[PDB]
Amino acid sequence: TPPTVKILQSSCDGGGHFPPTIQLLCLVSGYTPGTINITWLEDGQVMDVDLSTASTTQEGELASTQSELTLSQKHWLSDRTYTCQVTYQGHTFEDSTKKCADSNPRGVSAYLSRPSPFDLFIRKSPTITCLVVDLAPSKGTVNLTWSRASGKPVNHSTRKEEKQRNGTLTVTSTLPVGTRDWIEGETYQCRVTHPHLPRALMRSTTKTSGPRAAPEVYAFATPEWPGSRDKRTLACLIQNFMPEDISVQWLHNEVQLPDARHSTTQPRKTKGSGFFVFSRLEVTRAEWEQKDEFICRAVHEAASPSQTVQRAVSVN
Amino acid sequence: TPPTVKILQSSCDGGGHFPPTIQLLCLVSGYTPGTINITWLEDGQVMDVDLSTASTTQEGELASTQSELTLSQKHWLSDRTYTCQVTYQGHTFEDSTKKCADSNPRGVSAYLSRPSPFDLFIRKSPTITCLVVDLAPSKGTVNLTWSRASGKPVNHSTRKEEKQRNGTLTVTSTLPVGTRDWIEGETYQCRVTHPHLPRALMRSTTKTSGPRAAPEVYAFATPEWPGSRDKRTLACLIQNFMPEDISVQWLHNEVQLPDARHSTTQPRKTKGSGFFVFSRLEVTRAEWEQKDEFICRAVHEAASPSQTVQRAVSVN
Amino acid sequence: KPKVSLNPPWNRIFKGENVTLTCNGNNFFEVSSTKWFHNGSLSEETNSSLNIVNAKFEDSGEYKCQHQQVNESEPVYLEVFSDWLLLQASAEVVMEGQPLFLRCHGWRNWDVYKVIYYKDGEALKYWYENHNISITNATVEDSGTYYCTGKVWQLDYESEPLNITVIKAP
Ligand SMILES: *[C@@H]1O[C@H](CO)[C@@H](O[C@@H]2O[C@H](CO)[C@@H](O[C@@H]3O[C@H](CO)[C@@H](O[C@@H]4O[C@H](CO)[C@@H](O)[C@H](O)[C@H]4NC(C)=O)[C@H](O)[C@@H]3O)[C@H](O)[C@H]2NC(C)=O)[C@H](O)[C@H]1NC(C)=O
Ligand SMILES: *[C@@H]1O[C@H](CO)[C@@H](O[C@@H]2O[C@H](CO)[C@@H](O[C@@H]3O[C@H](CO)[C@@H](O)[C@H](O)[C@@H]3O)[C@H](O)[C@H]2NC(C)=O)[C@H](O)[C@H]1NC(C)=O
Ligand SMILES: *[C@@H]1O[C@H](CO)[C@@H](O[C@@H]2O[C@H](CO)[C@@H](O[C@@H]3O[C@H](CO)[C@@H](O)[C@H](O)[C@@H]3O)[C@H](O)[C@H]2NC(C)=O)[C@H](O)[C@H]1NC(C)=O
Ligand SMILES: *[C@@H]1O[C@H](CO)[C@@H](O[C@@H]2O[C@H](CO)[C@@H](O)[C@H](O)[C@H]2NC(C)=O)[C@H](O)[C@H]1NC(C)=O
Ligand SMILES: *[C@@H]1O[C@H](CO)[C@@H](O)[C@H](O)[C@H]1NC(C)=O
Ligand SMILES: *[C@@H]1O[C@H](CO)[C@@H](O)[C@H](O)[C@H]1NC(C)=O
Ligand SMILES: *[C@@H]1O[C@H](CO)[C@@H](O)[C@H](O)[C@H]1NC(C)=O
Ligand SMILES: *[C@@H]1O[C@H](CO)[C@@H](O)[C@H](O)[C@H]1NC(C)=O
Ligand SMILES: *[C@@H]1O[C@H](CO)[C@@H](O)[C@H](O)[C@H]1NC(C)=O
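Chains as they are written, first to last, in the entry's author numbering: chain E, 110 to 425; chain D, 110 to 425; chain A, 29 to 198.
Calculated directly from the structure, the hints in this document are not laboratory data. Built from N, CA and C at the ideal position, the CB exists for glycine as well. Hints should not be assumed to be uniformly reliable.
Straight-line Cα separation of at most 30 Å, BS3-like style, residue types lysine-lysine; simulated pairs [stated by the list, open to error]:
(1) A:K84 - D:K248
(2) E:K248 - E:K115
(3) D:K378 - E:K378
Partial pick of chain E residues on the chain D-facing surface, computed with a CB cut under 7 Å [what the hints assert, rightly or not]:
(4) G123
(5) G125
(6) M311
(7) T315
(8) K316
(9) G319
(10) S372
Input sequences plus hints: build the corresponding full structure.
Structure follows, in structure tokens:
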């Protein structure tokens with residue numbers, strides 16, 4: 110069996126300031142036990158410093174070992190690619206790490222939103238969005254491209270280059286993701302390259318990992334208030350769902366209500382298991398008399414089997 | 110022997126980017142063997158995920174084990190602080206990590222808090238907090254001067270400094286406030302002066318002026334869920350009130366509950382009316398078996414005549 | 029007539045910065061035969077180069093220099109500021125074709141990011157680092173209330189506004 114090899118770096122704390130001795134640990138596991146040659150490469154060049162301390166550990170039919178490289182502080186900010194090169198059975202395997210480049214190169218920040226459960230489970234047309242906004246306006250265009258983790262071809266995105274009031278440049282790219290591929294966990298990547306950006310912007314999103322839990326929608330009306338004839342508001346507590354992604358709509362006589370009518374709070378973590386959402390909608394008197402089974406619907410990915418949980422609100 | 114706690118980060122893709130699945134590996138080694146509980150923290154919040162707590166390996170007279178956290182790219186690039194904490198033998202050892210920039214502190218910020226209406230009306234000892242955050246430990250220890258708008262003297266204010274996990278300092282100044290002086294409209298001022306700064310941070314607070322509306326309180330229980338059956342989640346909608354200063358309490362047996370039970374959200378603007386807040390509490394079976402009413406209480410300036418309006422509900 | 033030239037040529041400085049005013053003249057002979065008129069009173073400096081080391085707030089105001097029987101120079105207006113961002117200029121009054129300069133100086137020359145220069149409420153220019161703008165030829169439409177907004181330690185701030193007027197030089 111081919112070995113599964115990973116590479117870890119020492120974490121940086123105090124936040125900001127790096128530790129003085131950055132340590133790189135290349136853990137190679139899941140191999141048939143035997144003889145393995147471990148070396149380290151600085152852009153393909155071998156140093157004199159390494160640690161050969163870690164022995165093999167035969168966990169069943171597989172084994173695991175690693176090696177540690179210790180560095181000075183200033184060598185990490187030299188931007189030199191490091192590679193833990195492992196030779197086994199005449200076969201060559203390599204992992205590389207360098208200093209982690211900034212998420213905002215020189216100030217240019219990119220935010221890649223995930224598709225909500227709305228457009229993912231109702232109309233089945235979900236749109237991923239790469240919003241990169243800090244760019245200075247120049248004659249060169251914003252070279253924006255899209256990729257996946259499995260290398261499958263992506264659809265045509267729509268670019269929205271516009272100069273803002275504060276002299277910046279907004280680049281918005283909306284791509285129609287596949288629903289089945291998003292359920293797979295295919296990592297969608299937005300890559301932005303500019304003439305005056307020193308390195309490429311890479312943003313990646315995946316279907317949110319962790320547990321799965323169906324929502325637990327309860328939807329209440331309110332008791333009649335003295336001096337109130339028109340407000341008659343309704344509340345909807347949706348609780349205990351994994352993950353945070355949830356979309357809440359309201360249904361009047363099997364017609365979808367506008368999103369501006371209801372004030373949906375952000376999913377905040379409850380004490381026990383998941384998250385709670387507290388959507389509240391006010392209905393005027395004409396449709397208060399025309400009640401016809403008010404529905405609070407909460408579309409969610411783990412709401413098996415109908416990907417949708419809804420309840421009923423009655424005034425009486 | 111005390112345990113030795115380190116954190117190893119994930120890979121960094123070789124070229125310039127972050128992998129979409131970031132592994133945070135907390136190594137604990139060189140301790141007296143026994144029971145160790147790993148707790149993972151995100152800015153002082155304990156989350157419940159499927160962290161991979163590996164087995165304890167005994168090396169001589171010492172022992173070592175590890176824990177793993179998985180993250181998406183977005184939460185790691187949101188510039189948060191993650192802390193591995195060992196709760197071993199009644200003692201807490203902490204090691205944190207964070208996405209690390211080159212050299213860029215977040216700059217000294219000052220936040221002034223209005224007194225809560227529970228402190229203003231029920232306890233009748235209101236206090237005002239000036240919170241100085243993102244303070245670097247490079248000396249300073251900011252001078253914190255309190256004043257009013259009319260030049261009258263203020264009460265003696267207590268001060269404290271907490272060394273936060275993310276490298277910085279948080280300086281809290283709490284000043285007791287005269288209640289008749291506060292309700293009459295006196296504007297209080299907190300001045301945060303630092304030697305390595307220009308013109309100092311001035312924060313001004315006052316009683317919120319405008320129209321006044323009594324808070325309408327409704328309280329609802331849970332109409333049962335399949336499974337669970339040991340806990341019930343009560344909701345409380347308090348709506349249509351101005352101004353936004355409202356304290357939500359959740360009394361039972363004429364005894365105030367701890368504030369960790371409820372999850373009251375911040376006020377948000379309604380449609381053509383005042384504000385609304387939403388409260389949620391989880392009762393165990395042993396609490397509602399006594400048939401006593403969980404009474405949701407809103408403390409507000411316009412809740413005539415007791416500065417308090419309450420709604421009591423019980424599960425069926 | 030004698031003239032006052034500043035090194036550096038910013039007439040607006042910070043509380044604690046350095047600037048030397050030089051009494052530049054023609055046929056000046058001996059350099060130690062001039063006097064320094066402050067706002068009102070007489071300064072005791074010599075050698076036609078008055079330096080303001082660690083400048084306080086009281087060093088702002090009218091400055092002129094006098095050399096023998098010819099009268100004092102045209103007074104330059106110094107203005108010591110104390111802010112996070114200061115918009116420094118070569119001159120508030122700039123003739124046609126004269127080189128206009130603007131610089132968003134951070135406090136104690138801190139590095140400023142995402143600097144946006146605004147001319148009367150619209151974005152004149154924007155860059156990710158602290159940058160100057162050096163207009164080689166000045167136009168009469170290149171005037172107004174210039175001010176720069178930037179980021180010092182990842183927090184947005186705002187400079188004091190500067191009234192720059194470019195007039196038609198005869
Ligand atoms: C010749 O005339 C000039 C003016 O034409 C005289 O300069 C004047 O000198 C006095 C004394 O130093 C200054 O008084 C200061 O006033 C400023 C407000 O203008 C105060 O600084 C302020 O501090 C607060 C603190 O939080 C800060 O928030 C403010 O931003 C800051 N103000 C500014 C503008 O940044 C300071 O505390 C003093 O009270 C006069 O301002 C100054 N005049 C001008 C126009 O700058 C000069 O003194 C005179 N020559 C002689 C010999 O007297
Ligand atoms: C200049 O003005 C523009 C306003 O058009 C600023 O753009 C705004 O930048 C903020 C962040 O700096 C964006 O907020 C982001 O929204 C996404 C949406 O999902 C969210 O995920 C992020 O966490 C973040 O909150 C905001 O959307 C964006 N506005 C637009 C219209 O795109 C820009 O930052 C300003 N530049 C400077 C230097 O002040
Ligand atoms: C480092 O960690 C500290 C805390 O561990 C962070 O301080 C937090 O800063 C935020 C704002 O940056 C504070 O939020 C503010 O709260 C007030 C009310 O208290 C509210 O009126 C404001 O609108 C704002 O939401 C927060 O309270 C504060 N936390 C504590 C415990 O003081 C700090 O920001 C962190 N710095 C970095 C660079 O991560
Ligand atoms: C903005 O202008 C100032 C002054 O013209 C520049 O500061 C000078 O920079 C040069 C080259 O680095 C130095 O030799 C001088 O000593 C500097 N003078 C002063 C007074 O600092 C500054 O570099 C300019 N900034 C930009 C971004 O162009
Ligand atoms: C710019 O975009 C074009 C369009 O596909 C692509 O072929 C080219 O490689 C891009 N160049 C860079 C430098 O990103
Ligand atoms: C001004 O000059 C003095 C004399 O060398 C020096 O100590 C000080 O740092 C200077 N200040 C600035 C802001 O350049
Ligand atoms: C200043 O000098 C000029 C010479 O051009 C002279 O005409 C004027 O009278 C002088 N001003 C005085 C002496 O106040
Ligand atoms: C303005 O442009 C002219 C072009 O002929 C040039 O000669 C002059 O020096 C410029 N002014 C400056 C650089 O101040
Ligand atoms: C600039 O000039 C205009 C024109 O009168 C004036 O209203 C404004 O106050 C001036 N601003 C400054 C900062 O001098």
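The hints, checked one at a time:
1. A:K84 - D:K248: 23 Å, holds
2. E:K248 - E:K115: With Cα atoms ~42 Å apart, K248 (chain E) and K115 (chain E) exceed 30 Å; violated.
3. D:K378 - E:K378: 22 Å, holds
4. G123: 4 Å, holds
5. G125: 6 Å, holds
6. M311: This interface hint holds because 4 Å falls under the 7 Å limit.
7. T315: At 5 Å from the nearest chain D Cβ, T315 (chain E) passes the 7 Å test, so the hint holds.
8. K316: Cβ of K316 (chain E) sits 10 Å from chain D, so the hint is violated.
9. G319: Where the cut-off is 7 Å and the nearest Cβ of chain D is about 6 Å from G319 (chain E), the hint holds.
10. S372: Where the cut-off is 7 Å and the nearest Cβ of chain D is about 6 Å from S372 (chain E), the hint holds.
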